[PDB]
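One chain comes next, on its own, written out as structure tokens in the form deposited without the named molecule.
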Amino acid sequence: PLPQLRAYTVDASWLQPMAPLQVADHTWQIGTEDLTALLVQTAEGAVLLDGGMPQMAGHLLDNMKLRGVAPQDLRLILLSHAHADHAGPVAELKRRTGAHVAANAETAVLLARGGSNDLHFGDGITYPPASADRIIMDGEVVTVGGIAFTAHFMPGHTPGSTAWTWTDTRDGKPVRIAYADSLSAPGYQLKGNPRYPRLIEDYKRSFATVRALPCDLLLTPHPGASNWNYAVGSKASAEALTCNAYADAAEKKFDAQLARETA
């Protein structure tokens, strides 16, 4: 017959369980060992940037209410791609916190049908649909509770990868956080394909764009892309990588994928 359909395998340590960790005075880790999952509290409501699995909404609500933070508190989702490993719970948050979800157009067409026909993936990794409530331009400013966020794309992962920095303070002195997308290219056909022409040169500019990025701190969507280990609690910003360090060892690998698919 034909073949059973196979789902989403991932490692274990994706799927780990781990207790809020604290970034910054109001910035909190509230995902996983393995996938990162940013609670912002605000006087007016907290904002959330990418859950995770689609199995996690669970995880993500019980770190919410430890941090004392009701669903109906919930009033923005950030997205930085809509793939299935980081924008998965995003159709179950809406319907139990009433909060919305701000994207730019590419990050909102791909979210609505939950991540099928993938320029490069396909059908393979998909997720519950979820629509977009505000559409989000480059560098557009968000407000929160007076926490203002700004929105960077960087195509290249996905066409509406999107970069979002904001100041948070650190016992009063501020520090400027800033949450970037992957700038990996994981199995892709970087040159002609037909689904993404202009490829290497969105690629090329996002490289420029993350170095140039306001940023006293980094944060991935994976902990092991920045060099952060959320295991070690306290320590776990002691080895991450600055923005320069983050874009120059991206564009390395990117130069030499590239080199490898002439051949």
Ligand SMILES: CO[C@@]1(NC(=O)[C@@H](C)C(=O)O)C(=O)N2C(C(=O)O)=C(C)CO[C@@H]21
Second form
Protein chains: 4
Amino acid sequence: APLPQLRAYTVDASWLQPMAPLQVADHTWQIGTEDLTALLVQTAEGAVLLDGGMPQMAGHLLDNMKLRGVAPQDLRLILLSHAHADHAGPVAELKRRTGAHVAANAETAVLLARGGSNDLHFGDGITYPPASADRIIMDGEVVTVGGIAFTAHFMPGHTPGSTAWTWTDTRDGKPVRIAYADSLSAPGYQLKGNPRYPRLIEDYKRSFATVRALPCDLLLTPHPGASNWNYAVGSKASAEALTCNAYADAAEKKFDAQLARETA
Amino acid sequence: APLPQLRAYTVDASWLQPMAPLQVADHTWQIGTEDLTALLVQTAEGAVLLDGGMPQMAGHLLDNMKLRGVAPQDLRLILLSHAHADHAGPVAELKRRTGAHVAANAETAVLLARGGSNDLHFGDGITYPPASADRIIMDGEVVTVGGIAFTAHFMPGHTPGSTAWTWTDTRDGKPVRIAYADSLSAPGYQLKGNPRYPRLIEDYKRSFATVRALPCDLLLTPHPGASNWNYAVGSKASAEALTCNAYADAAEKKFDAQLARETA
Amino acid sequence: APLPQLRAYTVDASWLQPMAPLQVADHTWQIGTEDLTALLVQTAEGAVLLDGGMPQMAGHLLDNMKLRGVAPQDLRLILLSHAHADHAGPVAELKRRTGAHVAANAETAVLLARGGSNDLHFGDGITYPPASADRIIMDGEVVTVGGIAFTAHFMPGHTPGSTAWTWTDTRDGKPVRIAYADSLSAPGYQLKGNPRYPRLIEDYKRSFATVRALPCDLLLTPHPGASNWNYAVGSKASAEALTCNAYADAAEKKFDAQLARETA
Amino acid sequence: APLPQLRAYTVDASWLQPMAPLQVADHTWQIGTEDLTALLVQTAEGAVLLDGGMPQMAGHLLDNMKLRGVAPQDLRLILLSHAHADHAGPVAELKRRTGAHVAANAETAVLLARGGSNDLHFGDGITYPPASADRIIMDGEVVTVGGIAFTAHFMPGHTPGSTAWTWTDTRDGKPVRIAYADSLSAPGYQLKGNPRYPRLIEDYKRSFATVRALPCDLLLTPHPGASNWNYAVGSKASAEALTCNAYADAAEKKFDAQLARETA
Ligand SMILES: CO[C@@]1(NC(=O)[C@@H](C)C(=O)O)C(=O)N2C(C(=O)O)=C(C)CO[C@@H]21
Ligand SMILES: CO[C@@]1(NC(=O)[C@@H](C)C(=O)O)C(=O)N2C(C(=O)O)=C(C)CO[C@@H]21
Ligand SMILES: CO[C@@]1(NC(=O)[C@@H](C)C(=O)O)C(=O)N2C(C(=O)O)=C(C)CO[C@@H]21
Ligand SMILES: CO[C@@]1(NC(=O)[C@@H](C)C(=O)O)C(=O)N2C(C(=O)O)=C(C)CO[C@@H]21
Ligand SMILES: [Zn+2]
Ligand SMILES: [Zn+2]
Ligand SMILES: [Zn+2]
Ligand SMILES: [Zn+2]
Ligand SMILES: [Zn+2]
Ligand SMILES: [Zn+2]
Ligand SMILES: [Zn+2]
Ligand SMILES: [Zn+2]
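For comparison with the form deposited without the named molecule, please write out the form solved in complex with the named molecule.
Now the complete complex, all chains and molecules, led by this one.
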């Protein structure tokens, strides 16, 4: 009776289904897969990448950047929603091949430093190549690349360092406020009495109110289904997209029902 | 046509076949599995562990230490042959649960810090939970725990930081010189003209002569088959064990034949 | 006209004035200097150290532990108030010489990892030997060593990872609730409109209310003058010590007057 | 009798004496001070910096890069001779302000990671802001930026990770082989029987022969006096510069006389 073999982190095939660069605004592009968000922001002084999806998506992201006329040495910054294998996966390979820097808060940096290992809820079941954050960011801090200002909004819950990013782009000259809000889900998390996360419920509740008050005209999430984005239809992808109020309100209802069932 | 799924590092079942603590000398014990070496050294001032095998062997190692009367807080040091997933796997979990420190050289420390990712030959196919080395060790440096002196011998080749450890134990009062020599194999390595490792052949050749001159009465290797150890038979495990000369000479012949076929 | 020479972090002589182990409770001891707190907690399963003061105090701390019958290998844990050079100074040297582990939150860990460099308010003027945190701690998490439970209380302000620690000791069988609250001062900090710390005022205000509600019978601070401790008189050191209410209330008044003068 | 105050790392004023960009070859520039080398290499695809001198020289280096028409975001790589405070000082500040990556070997990376603390010979007397190496380099590995190939040559001795860099530039179309060899000095080092560095003498001797065989037409050293460079005279700076043979031969004679006096 030998010890069990290691089991690989397998996902649905749609998470690894590549797609062409879908345009979100004048400078914002979706360059990930159909069910995983990876936002590219093109400025005059370089490019910014938000999330990267699964670790094996590193080659696909560079091809889309090549399609948008972005050389690897033009990627200047990498911002993260939260440092899980399905979002910060290819960060390590992207740093070695692009010369880009990574900005994250202390909680995301320490989770990124150990490659998702020793997760508060998943243990070591979702490991990915570790990377190091080059700039430590605080709540409400502004990061500027090529004139576009990125304001950080801490929304702890899914991970201790879950961060939502807001920036103002344009759509035919008219300004649009984009809000890339992180996941508000707790899949299989022990909500009450968790010794690894004692104030988990208080952080989720504060994060619900944080997402409601985000300056947002167009909302995006790491998993596009959470905000009803459908990258497959391309032109009509943002048709049924939720607001920040509707996204946080629906997430809180599923959180309260989940908390009530945990006490049962 | 989606991107490929991640594939888990799977090994032969004998590598994960637990065994009772086999005695090597008065203070040296084999507490790993049948085909993976994990040496425990009991002193009066604490315990020292050499290697740990696969990551999922962390629970098995603590049970054997419990069988030998070693509490988790008595493990004081963790020494490594080389920082691969099948040898330094459970190092991260052991540090969190035992309060032990890890001593390794700079090359093993940087490979251990990124959890085996970005391997010079395997890329990211053999990732394990990352750990941090607490003490950086040089070639020929002595580490002393409870009166037993551990001398490091750098033997680069399999990994840039492959290290052999020598210490003198006893067997019924009579001293015996133990040499835990690292692997001298190059499974699928590009030996000549490797841009990631330009002086690979020069390091292997120097490591062959290094193993021959090791002060050794009893030889052990991370994979027990490399030195003809058979942990299954227990009492007669060291019956057909090789010398340091025979181990390095056989490894060099397989290396030269492999190098000659690579040029073909 | 050459560039300026580096300037060393110099303090008042009383901060470096060694003292004998002063007893705070049955198991709690002050083993630092006269104007710098370094708390030693002796249990049956090991010892815990809270803060260490200046970097050059590493030799003095081990001598006091020797006076209390604590060998270097008995120090099991190192807890921190905040990772500044005058409190977490000798942490790096203590880890190499004691085999102890360090527990801190993500913000204290990243500041400890870069040795106090790139401080949000002091830049690189207060660098100390860097150390690595072995266990990442969350708000309200309990750390247990030898039966004594240490509960963490995040109180950001002086540093982003300022932490207060509470544990219950005894004094002749009678239980006493000890609260080691971190500094609530902001010496020369830009409080309003700080780009490195946008929500600085909101964190201080929340930390003021956090200290008021600490379960505390006896209060201690990293700088003993902040809570009116006088380690010099020894037996009557805790005579005029402040409560948690009086400490947080006085710190908030000095904070409000400082904020009002910054707007002037 | 209080503990001693910290003492700052003070150097001669000429080490901090700024100078205008002196031209070494078509693409190689000296942009450091008069007695500290900091080499800038301008290519079409970016710029490469070799060493940076003292930590307080970060502002001076960016001004010279501005004089050469190099924006901060054009510095792509930072190479190091060895990670001491007087050579790798401003590496941490340069990474935060330029978006550049650092390439070094494992021994230089671990010394750079702890900011020069716990030095094998100087202890903690020469601490500088810590930085992290982004790419780990092996002996003989080639690093290419903008068409210029940088070959690494390990020459351990002054530090365990001392590295010499060779690249081929031009001087009016004619190619010139530049060799930036690291220091071969051992100021106050215990050469024989050093427990922190057992094979110190064997590494110096091997490094002496390594420098002799460097492909070199023009030699440069971190301290320009070691190779008889005089940056002050500008146009005639390379007048009396030594060869690789003369530099290694003179360093070995001073090493042998120093070793013979240590035995006395
Ligand atoms: C670690 O990645 C996740 N978990 C998994 O993929 C497996 C392990 C699973 O839980 O089934 C995780 O958390 N995500 C989220 C999110 O909302 O962020 C949701 C909803 C589920 O998918 C990813
Ligand atoms: C990464 O671990 C190893 N490789 C594998 O397990 C797979 C990936 C494989 O190569 O088939 C590796 O190297 N080892 C050694 C050794 O001699 O050290 C040998 C001989 C083969 O087993 C382990
Ligand atoms: C970095 O250490 C401190 N600052 C200094 O020592 C110098 C630089 C200084 O500010 O004069 C710092 O902050 N402390 C505190 C505290 O309350 O924690 C107070 C009140 C002042 O002393 C230490
Ligand atoms: C740490 O920096 C050095 N040492 C000092 O600056 C002080 C501490 C000193 O030794 O007097 C060091 O080593 N260098 C070298 C070199 O050859 O690299 C020489 C010759 C001396 O200067 C620098
Ligand atoms: Zn997730
Ligand atoms: Zn997810
Ligand atoms: Zn291996
Ligand atoms: Zn192996
Ligand atoms: Zn402070
Ligand atoms: Zn202080
Ligand atoms: Zn030096
Ligand atoms: Zn020097």
